[PDB]
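Consider the single chain below, provided in structure tokens and representing the form deposited without the ligand.
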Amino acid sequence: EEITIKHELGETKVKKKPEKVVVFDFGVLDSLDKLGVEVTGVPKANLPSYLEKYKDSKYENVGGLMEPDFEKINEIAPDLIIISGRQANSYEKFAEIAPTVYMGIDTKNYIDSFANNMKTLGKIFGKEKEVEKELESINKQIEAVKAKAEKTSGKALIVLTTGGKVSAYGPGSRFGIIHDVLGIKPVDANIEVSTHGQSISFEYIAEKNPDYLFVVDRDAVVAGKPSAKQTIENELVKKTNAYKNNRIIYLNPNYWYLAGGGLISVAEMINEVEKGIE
């Protein structure tokens, strides 16, 4: 009962409704959760807060996002492994074990890549209609939030913080969904697209002078110690418009940094943006 999945790192033969599924992308995991697909293995060490249910002992622990337990994955003998960018370089190692499908977000085409990802899950697991229905809800959600976005001028800047350090994201970056999809005008639409982004300090923020500053506290999740407010709210930033109108929006990093590209995380992500401009 096979299908063949063409993805960014190859073509994979997969049995439909595969019995034992190992997942290394949290967008995918949150997608399968939404669709009521049972997974077998997850990297429990990096599980986002909203996916804490996958710590349960009924799930196998296949290590961490960056440190797969390849011996264990072998012991499990899965019918399907699903990976994303973080594990792109280990594709071969996973493919040697079991059918490995790679799933990424093309950040020039966030929504299209997102939709194809979900539809592919729809095919593997027989959830085409379910997936469609959820994609349509996120379509509506997007429309509503665009309408509000276009009922104001106001320019957003999106930043990330690791321990003091600060960096910048714009159209077609990992966080560019704010601009590219949700109708928020950028402060700067020429930022370097890396996926840890152009580095900046506090003089760039002040002079660009954003009305909304969206922040993602990396060290909250990755170090286990939240540190973003301490860093961002200081003299050098405190008299931008954003600070004043109380429009520094601290985006939940468990969706924005750890996960995303999933039914739940994308829906949830769009929600934090809506409220941040309500």
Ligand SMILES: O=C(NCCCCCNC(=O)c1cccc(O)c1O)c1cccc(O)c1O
Second form
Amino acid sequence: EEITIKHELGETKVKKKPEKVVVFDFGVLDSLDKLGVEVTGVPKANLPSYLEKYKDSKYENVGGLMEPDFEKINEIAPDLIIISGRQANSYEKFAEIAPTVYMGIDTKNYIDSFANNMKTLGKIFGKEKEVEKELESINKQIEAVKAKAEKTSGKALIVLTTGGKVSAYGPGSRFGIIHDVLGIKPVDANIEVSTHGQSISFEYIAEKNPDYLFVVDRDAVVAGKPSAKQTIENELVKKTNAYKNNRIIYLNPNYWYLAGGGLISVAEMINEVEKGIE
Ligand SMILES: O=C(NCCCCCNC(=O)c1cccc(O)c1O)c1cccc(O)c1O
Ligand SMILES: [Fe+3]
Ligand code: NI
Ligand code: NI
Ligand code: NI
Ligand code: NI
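Could I see the form solved in complex with the ligand next, after the form deposited without the ligand?
Full assembly next; the chain just shown is listed first.
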């Protein structure tokens, strides 16, 4: 029983319950994990800590997030390839091999895109109720943090560290869920939305003077070398409220940077926010 999927990059006809599934989005991979859905191929080179089981030799290595092994993908001859924003530009290449669905998060409507992505997996795999149950759990999660949020005021800044440099995310960004969904107040509400974040210096941080400084150590997951500490915790940063209040919250980059938009990653993401402000 074939079905047709509409997505940002077009329309794909897909066999229901495809036998061989290749996944280039870790959110999706953690969602299929979460659902008991079996995958064939993953890019093992960038696997998140929490998805380390997909290193097993039962799974085919199809390369890296930025470096798909196209020849290997061909030899697998998958029934479905699922990609996201990091591979958007290779859509045609993938679609040439096998039916390819694109599943990205619209950051203007994080939760709505998330839900539709998940519901599309529900459809493809016959997992509609399991999906709805998980969507419901995250909804209650949100409301709770949404209450805890409104309890207090105090403004938040979201930063990312890569090689001693630091860049910022605000509403509508890849990390906007903090502001947009969970109801934390942004220290700067008009931050130019950018996939690796608006470049800034410490001069900027110790100015907007946030109560909460959410940090994402990019180097921990792209270099394998955590830098987040030393980049951040320096004189000019330490002057802030957040360092004095011990509210510099290092967010887990395995979830936040390599893998969001999945049943597991979004639940975990929300929990790191909750704990961050309790
Ligand atoms: O278009 C993208 N990157 C192209 C430029 C990347 C230049 C090199 N990057 C890395 O080495 C790297 C490796 C693994 C995961 C990443 O996100 C990385 O950026 C991109 C899109 C959505 C999210 C991202 O994050 C991206 O990057
Ligand atoms: Fe990146
Ligand atoms: Ni299941
Ligand atoms: Ni190869
Ligand atoms: Ni081969
Ligand atoms: Ni329902």
